[PDB]
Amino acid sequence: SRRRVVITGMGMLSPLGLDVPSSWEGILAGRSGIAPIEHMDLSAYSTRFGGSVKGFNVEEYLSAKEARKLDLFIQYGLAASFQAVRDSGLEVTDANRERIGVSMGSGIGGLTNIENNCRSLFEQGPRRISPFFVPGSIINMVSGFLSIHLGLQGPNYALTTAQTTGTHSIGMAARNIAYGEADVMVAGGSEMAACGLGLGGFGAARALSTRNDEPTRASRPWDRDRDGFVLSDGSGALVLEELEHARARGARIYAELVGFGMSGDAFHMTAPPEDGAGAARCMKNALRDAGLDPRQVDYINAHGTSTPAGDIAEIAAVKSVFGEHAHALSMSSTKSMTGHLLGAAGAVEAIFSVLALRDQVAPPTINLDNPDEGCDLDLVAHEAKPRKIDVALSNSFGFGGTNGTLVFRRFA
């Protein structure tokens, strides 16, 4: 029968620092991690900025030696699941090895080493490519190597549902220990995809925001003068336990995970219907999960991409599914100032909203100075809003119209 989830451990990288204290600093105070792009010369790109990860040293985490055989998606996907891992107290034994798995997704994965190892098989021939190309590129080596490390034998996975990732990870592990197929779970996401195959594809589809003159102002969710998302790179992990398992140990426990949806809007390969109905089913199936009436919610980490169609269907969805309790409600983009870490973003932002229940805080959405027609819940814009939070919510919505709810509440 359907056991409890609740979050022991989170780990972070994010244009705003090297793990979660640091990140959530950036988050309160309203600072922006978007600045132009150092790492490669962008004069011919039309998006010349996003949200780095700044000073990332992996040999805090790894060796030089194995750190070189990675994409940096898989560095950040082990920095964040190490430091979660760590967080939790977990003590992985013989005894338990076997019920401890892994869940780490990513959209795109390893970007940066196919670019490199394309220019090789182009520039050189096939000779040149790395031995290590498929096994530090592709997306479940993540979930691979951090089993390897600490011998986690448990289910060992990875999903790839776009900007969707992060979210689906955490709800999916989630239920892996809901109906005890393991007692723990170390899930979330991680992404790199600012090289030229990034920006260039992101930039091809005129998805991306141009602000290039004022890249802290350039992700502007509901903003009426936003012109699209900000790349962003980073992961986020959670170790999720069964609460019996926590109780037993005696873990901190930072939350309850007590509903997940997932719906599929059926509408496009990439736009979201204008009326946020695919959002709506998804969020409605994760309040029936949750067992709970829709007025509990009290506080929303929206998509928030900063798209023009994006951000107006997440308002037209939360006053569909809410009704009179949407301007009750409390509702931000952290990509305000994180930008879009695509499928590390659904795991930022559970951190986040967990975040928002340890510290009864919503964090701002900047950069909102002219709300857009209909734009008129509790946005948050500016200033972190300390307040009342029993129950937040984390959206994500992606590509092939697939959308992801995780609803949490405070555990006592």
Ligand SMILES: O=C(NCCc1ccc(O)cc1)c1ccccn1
Contents of the next structure:
Number of protein chains: 2
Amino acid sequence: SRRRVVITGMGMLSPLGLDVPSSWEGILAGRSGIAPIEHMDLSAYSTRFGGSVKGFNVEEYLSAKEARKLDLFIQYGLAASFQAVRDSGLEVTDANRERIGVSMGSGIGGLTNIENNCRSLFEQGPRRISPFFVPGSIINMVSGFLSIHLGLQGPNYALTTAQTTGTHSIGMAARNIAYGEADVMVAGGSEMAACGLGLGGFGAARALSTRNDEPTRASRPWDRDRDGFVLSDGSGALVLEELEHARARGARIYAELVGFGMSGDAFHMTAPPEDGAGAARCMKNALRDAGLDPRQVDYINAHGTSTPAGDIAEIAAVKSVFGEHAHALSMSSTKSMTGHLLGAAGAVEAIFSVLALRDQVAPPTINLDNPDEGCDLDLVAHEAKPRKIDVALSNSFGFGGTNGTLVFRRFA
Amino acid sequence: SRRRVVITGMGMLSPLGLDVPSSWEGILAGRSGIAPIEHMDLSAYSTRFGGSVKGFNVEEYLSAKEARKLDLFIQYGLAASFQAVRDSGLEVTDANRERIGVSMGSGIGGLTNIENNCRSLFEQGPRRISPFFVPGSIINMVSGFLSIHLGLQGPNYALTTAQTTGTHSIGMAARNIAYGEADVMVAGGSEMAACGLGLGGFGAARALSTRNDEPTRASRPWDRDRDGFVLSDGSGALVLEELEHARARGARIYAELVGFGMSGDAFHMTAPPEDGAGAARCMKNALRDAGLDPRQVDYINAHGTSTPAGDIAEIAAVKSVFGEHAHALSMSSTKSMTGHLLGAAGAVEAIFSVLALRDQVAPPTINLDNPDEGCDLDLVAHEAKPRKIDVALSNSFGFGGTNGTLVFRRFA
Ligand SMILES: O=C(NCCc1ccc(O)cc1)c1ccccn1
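Alright, leaving the form deposited without the ligand aside, put up the form deposited with the ligand bound.
Every component of the complex follows; first up is the chain already shown.
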């Protein structure tokens, strides 16, 4: 029968820092990680800024010889995974290696690498494609390379559900443990889509903020002057562990994962329905899964992408799920500061949701100068809000009408 | 306790045919779907052949306008999925749509789209990138488009575990139903990596057969003259359904899905361990999941890719798991005929495993002229073998050392 699941380890690369503590300090201080992009020439692009990981040293984790073969999204996924496993204190042994698995996902995966090999192919010929093109680019190789480096022989897989990837990855990994398929899972996501095709492709869809002259103010969830999401890079990883397994080894437990919801909108390939019907169905699934009264929800880490339709849909969904209690909880978008890490969004935001529980503070939605029509909830505008948080919820919505909700609570 | 899961609908595009019955007819006749790749300059490539889908008409499924928005791998996934849902007779209603979900995956995703948008980007700059580039290329859009078209509001996700994708998708969809998160799931995979990038990428790793003079003899699993896998395109979709749900509406039930196993090799990025230790753990996990003794297995659809190390690892794993029963079962690689559909391999091979149960026949391993050292199992060389089959396994072993096994049983 269904086992309980706790968080014993966390790891992160974000536009705010090269680990969890440094990222979280930036979150609580309302600091933006968004800046003009330096790694390529974007003069022909309508968007020239994003959330870059600054000063990442892969040789903190891997040999330069191995790193050369891997896309940045794999390098970032391994770094966050390595941090989370170390943070857990867990020792991998012959006695437990078959019971530890990994589910690290990505929305787009190795687009930089595929673009660079596509350039080699077109300009030179197929004989210049890297021998490592496939294993260095395809999305399942975070899970693959992590298992090879740590000796994890448990369930080994990868989700790809666009902007919902990190949330689904964590939820489904919790279900693996819940149902006895594993005792430990390393789960989350990673993304590095800041190449020509990434910035160009989201640009062609007119999905991105074009506030090139003020990048720190571009990401402005629920602000009436928002004009699209900000593209950001990085990784989140959590060590999920069966409760009795955690208790037995004396693990430090950050929080319990009590609820997971998924729902499809079945509405539109790219647009969320204005009323948030799919997001509402997903949160209600997650709250029922957790055995909660919705009035127990203290904090919501919103998807909050800073799109016109997405941000208002989320207000509508929260009002419909929580009714009068919608006015008592706090809801913030850390994407105000980090931008949109796409497949990694749900992973870093799950970490921010757990840290909201550890520290009893709602992170701010920075840049919320003029809340839009109907955006009249506690959106923690401008400044972190210390407050009682027993139950935190983290939402993600994605292309294909794909929704995920995670429910965390304090563990005593 | 756990709900029972049955197969009530199947759909396919393969190198043998544009549906299940035409593909299966080719399989039992020992026909090859492999041929030189057309309408593509492969002059500078060491491999010039593969398994193409021949005569696919997307306008049987989509308007020209919707099909223009979608990579071939998505078109193929949608074709298989629509076929599977039609084949099932299922009526989607307001009363059941929240209980019907989708998990259609891909190993490599939108390489053909990425290739064509790279052309535009390099030649003319980013403003010629298609608006639909991102939603038209990301792996979760088969699940996304299918859910939107049919109004499916159940779990909506996509796996990407390289050559294991189709097996994991079906297995994890079966878990969703067994543990009551859904009553119906459309599950499987789709793949179209016959671009410069797939042929070039696998070619750079010298992973492909280069037998250009005799494409139909290239894929020769367990034959001493094999020289790597054959790249193939297509899709498989299954309608998975809770047993009481299927019986209440009078569904035609092909077979029961009794067992699902996962494991990680934790060994190498592209090569399996010589003894197939990971594949052995995975099959043992799948049989434990089914409550079955290795002795009860009659038929194995092998991964059987025609790689030197892969084929020999699978013989070792089967001998290890099945002891004195290893010769009694029949094991064949339908990849001898279809080539390797990568992420769709597990989906089309689950369908072939189900049909081996319906028709009491083991598909052939064609081209097995000279079994290699230790390849002395019943590999159904050359010709289909009518025989008793109560229990059929389907194995997938992919990059990152990610393993999947499905156990199907006759239903009466
Ligand atoms: O290597 C790292 N972590 C893995 C720890 C580990 C845990 C269990 C085990 O059995 C083996 C290794 C790392 C490196 C730099 C920064 C953070 N973490």
